[PDB]
Structure formats: structure tokens, C-alpha cells
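The chain below stands alone and is given as C-alpha cells, in the form deposited without ligand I4D.
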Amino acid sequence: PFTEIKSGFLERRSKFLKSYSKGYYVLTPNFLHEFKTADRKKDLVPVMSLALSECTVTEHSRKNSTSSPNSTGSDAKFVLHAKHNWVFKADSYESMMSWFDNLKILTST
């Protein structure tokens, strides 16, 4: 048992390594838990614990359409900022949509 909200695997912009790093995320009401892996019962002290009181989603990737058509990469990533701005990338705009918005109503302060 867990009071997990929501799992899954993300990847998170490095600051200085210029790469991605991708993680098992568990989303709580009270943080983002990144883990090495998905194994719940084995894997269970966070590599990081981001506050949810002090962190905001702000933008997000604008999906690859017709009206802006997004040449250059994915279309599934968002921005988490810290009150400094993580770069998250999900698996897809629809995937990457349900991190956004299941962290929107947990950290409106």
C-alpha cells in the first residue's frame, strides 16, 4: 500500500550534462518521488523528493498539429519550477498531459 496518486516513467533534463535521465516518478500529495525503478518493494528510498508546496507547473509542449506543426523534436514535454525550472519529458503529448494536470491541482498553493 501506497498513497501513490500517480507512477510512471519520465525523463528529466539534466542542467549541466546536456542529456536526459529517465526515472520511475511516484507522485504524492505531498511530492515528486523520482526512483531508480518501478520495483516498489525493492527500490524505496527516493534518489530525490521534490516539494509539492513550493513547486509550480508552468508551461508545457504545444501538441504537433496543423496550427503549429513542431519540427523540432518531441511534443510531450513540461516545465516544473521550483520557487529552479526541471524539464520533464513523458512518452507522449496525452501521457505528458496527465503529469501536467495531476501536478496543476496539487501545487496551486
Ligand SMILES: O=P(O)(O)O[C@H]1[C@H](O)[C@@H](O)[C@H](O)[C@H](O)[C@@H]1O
The other form holds:
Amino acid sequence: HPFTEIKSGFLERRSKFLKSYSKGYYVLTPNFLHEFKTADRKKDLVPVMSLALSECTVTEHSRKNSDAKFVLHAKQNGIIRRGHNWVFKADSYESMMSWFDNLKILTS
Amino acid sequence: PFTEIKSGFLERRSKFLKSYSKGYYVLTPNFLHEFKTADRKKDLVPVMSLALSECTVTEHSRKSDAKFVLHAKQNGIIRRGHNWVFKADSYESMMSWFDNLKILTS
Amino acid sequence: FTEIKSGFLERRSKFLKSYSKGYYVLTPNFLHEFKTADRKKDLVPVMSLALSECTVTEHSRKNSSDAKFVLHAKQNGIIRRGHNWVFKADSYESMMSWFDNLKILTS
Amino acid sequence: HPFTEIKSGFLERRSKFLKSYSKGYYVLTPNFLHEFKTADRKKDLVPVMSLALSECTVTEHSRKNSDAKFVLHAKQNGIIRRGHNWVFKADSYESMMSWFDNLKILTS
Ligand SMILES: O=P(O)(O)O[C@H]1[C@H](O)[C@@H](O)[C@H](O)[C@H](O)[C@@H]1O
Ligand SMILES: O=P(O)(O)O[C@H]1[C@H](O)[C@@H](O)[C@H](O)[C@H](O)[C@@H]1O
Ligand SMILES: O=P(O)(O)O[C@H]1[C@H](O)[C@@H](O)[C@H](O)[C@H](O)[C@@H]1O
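Show the form solved in complex with ligand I4D, please, the one above being the form deposited without ligand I4D.
The complete assembly is shown below, putting the previous chain first.
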């Protein structure tokens, strides 16, 4: 089961409506940030959602001392309404910055 | 910064309805994605994404002579063991889809 | 081919005070130079400049050549640490496309 | 120092002329298989060579039970002469197959 993954791992996404974080298993490719319900990379291969990097940017992130959050901004209507913003939370500042920087270089 | 192998329109047959429906498909190293349209800037959410690691391509038309079969090895979008039939515009176009899919799903 | 931008740029030599032209391909990781734009037959970069080791500092203001920008080396690679290479595009508008992408990539 | 890495790790490349293996640190992106002298991802960033995937294929590999080798074939003149073949050796069959399958899906 090869896969052109640039980064993978669990992230929590804040829901503005549910007022809580939903954890998923995320996989970054050159085209999409995909969410899967689980990390079973051999069997769980229908994405919950696929966010097109061509129309997303990463804007802000936590300053080191949770300090492990970043914002993904939508430039066009898709999974996210144009102009709207999703907040992600990683395990640590360092992990967050790995996600942030990898996303940044694919969304310039 | 895209990474796509092939893109274009395909018709997918319904086994039960015995009819074809058309979509815009994008083949990447990981998925066969279907979109409603070819507008990569405004049509951003795949109708479905078929994981290649769970599929094989089995047969195709000989020189419509533009069909090929995608077989599901595991449950996903397609039930395990089932088969979806796609139709391109020409034999030559179909063979481009097939030859890439064959390598990707080996 | 996963690329952000491609096109011809002229690179100035500090000491020779002249420009030389190449075909550049900007990816998330590198600014690559090739001799030509033939991506099927010209396969080996003349040089590959790692973006994580660079920053872009200044660029020309619009004339209203206004098409230059500066790439600064933060570490020793193709360019010695602390040194600067100057590139020239065909227009201010083209230059700003290069600069704006580079600014984001090298932040 | 973010980087669009699909896979990275040490490989040994056989030299037909030196009659020996040369070890390098390899990084696979969607565009190239790069070799670096070392794994210092923060400082060693001039590739020793960059092999364009658009004109390479992977042809054969070892059968399990060294059984950790694969062949990279050149379709065009570049680092390798058109029609010529380079042999790589990984640490294990499993590692080799990870390299082989990741290369295969980027070179169809
Ligand atoms: O959206 P909810 O209600 O889940 O709020 C939380 C946050 O979004 C965090 O920044 C934060 O670190 C918190 O733990 C806080 O609970
Ligand atoms: O071409 P050289 O001389 O480098 O020979 C080697 C091999 O090609 C390997 O299969 C093998 O596992 C060996 O290590 C052997 O040295
Ligand atoms: O430039 P060097 O030789 O240091 O190569 C490294 C990389 O540039 C990384 O993407 C990567 O994740 C590596 O760790 C790899 O060592």
C-alpha cells in the first residue's frame, strides 16, 4: 500500500458549532490534506474529507508557551466556506510547527 | 504544486441501471478522484476518491473499444470483489488510463 | 511535476557585473536552474538552491529594470553564508510572482 | 527546514565501474530522487545528484529470502545514460519494497 505521503499523524480540529475538538488521522499529500477516521493505512482508505491545498492557506499559529494550534484558511468555497477558518491542534508546539511549515510550502 | 498522472472525462457504467454517467477524473499516485467538472479552481471536493492500493485493473477492450474494468480487492467505495466499468473516448485514450492504472495497482 | 513557478531568469554576477540567463523551476524545496525549458530532455539541474537556507530580502519598486530581487544565503551551500544573489525577471509583475512565492517559502 | 519528502533513508548504490557499493542519504520527492552525502537535513542541502523521476522507472527487485535490491532504469540521457540501469540496496527486503513501491507510483 504505497502512498505519496508528505506527513501523517493525528490532529484535533475544533468545531465552531460542536464547541469541541474532533480527532482524526490526517495525511498530507502534494494535493490534499486528507482526514481519515483511523490510522489503518491498509484498510481505512475512504477519506472523511479531502481539503484541496490549492485553495487553502495557513495563517496563524500558537506562539511557544495549548501552544500547539494553527489556523487553516479557505480561499474558495469547498469543504470550508470561502474566507472561513479552521483551527487544528497538534500534540506539541514542535509537531504543530512541522504541520504548519509543511502546509505553508505547499500553499504559497 | 499539483501531482497528477492523468486527468479527463470518463463514463462509469451502473451495473444495475445499465447506463453510463459522466464525470471528470483525476488520477494521482494514490487515488482515482471523480469531480463533477474540470474546473480545478472552483470545483474542489471530489465526488469520490478511490484508493488505488485497494484496486486492480483486470480487463480492457481490444482495438465501443474504449472500456476497462476496475476491480475492488477490499471494501471501500466499491464492495470487495466487485467491479466497475469505465468508458473513455477512444481505444488510445482508454489504454493511457489502463496502462497507468496497471502500473499503479500492480 | 510538482512545481510552484517556472520561467527564465537572469542572474547577475557580482564580480563580472553581467547577467546570465537560465530556466528556473521553483518547487516547495528548491530553486532549480536548468540550461533550457525542455523538461523531457534536459533533466539535470545546473544547480539546486535549497529554500530552507535562503531568504528573499529586497525587490525593485514599480516604474510608476524594475524587475529585480535579491536572494540571501543564511547558510553555506551553493552560495556562501551571508552573501546575496540578484535575479532579474522580464517585468515588475513577473518579478513579484517570483518574489511573493519565495517570501512565503523562505519565511 | 520543511521539505516535501515522500521517503528518506540510506541506500547503497552499486557502481559498475568501482565494483563496490556507495552509501548515500536519499530523499524522494514527487519530482526527484535526490542523493546527499549525509542525513543532516538542516545543513547538507546541495544534492550530490538529482534523478528526475519523469525519465526513470523501477523494473526488477529481489525476491524475499542480499534480498534487498532493486533496479532503477533510465528512459533518457541524464545522470544515467538512456537505457542503462542502476542497482540499489536497502537494509532489508521490507525497506527495499517501501522504496520500490513508492518509486513505482511516481514513475508510471
Ligand atoms: O472549542 P473548544 O470549546 O473545545 O475550546 C478549546 C480550544 O479551541 C483550545 O485552543 C484549547 O487549548 C482548549 O482546550 C479549549 O477547551
Ligand atoms: O558489484 P559488487 O562488486 O559491489 O558486488 C556485490 C553485489 O552486486 C550484491 O548483490 C551483494 O549483496 C554484494 O555485497 C557484492 O559485494
Ligand atoms: O540534505 P540532507 O542530506 O541532510 O538530506 C535530508 C532532507 O533534505 C530531508 O527532507 C529529510 O527529512 C532528511 O532527514 C535528509 O537527511
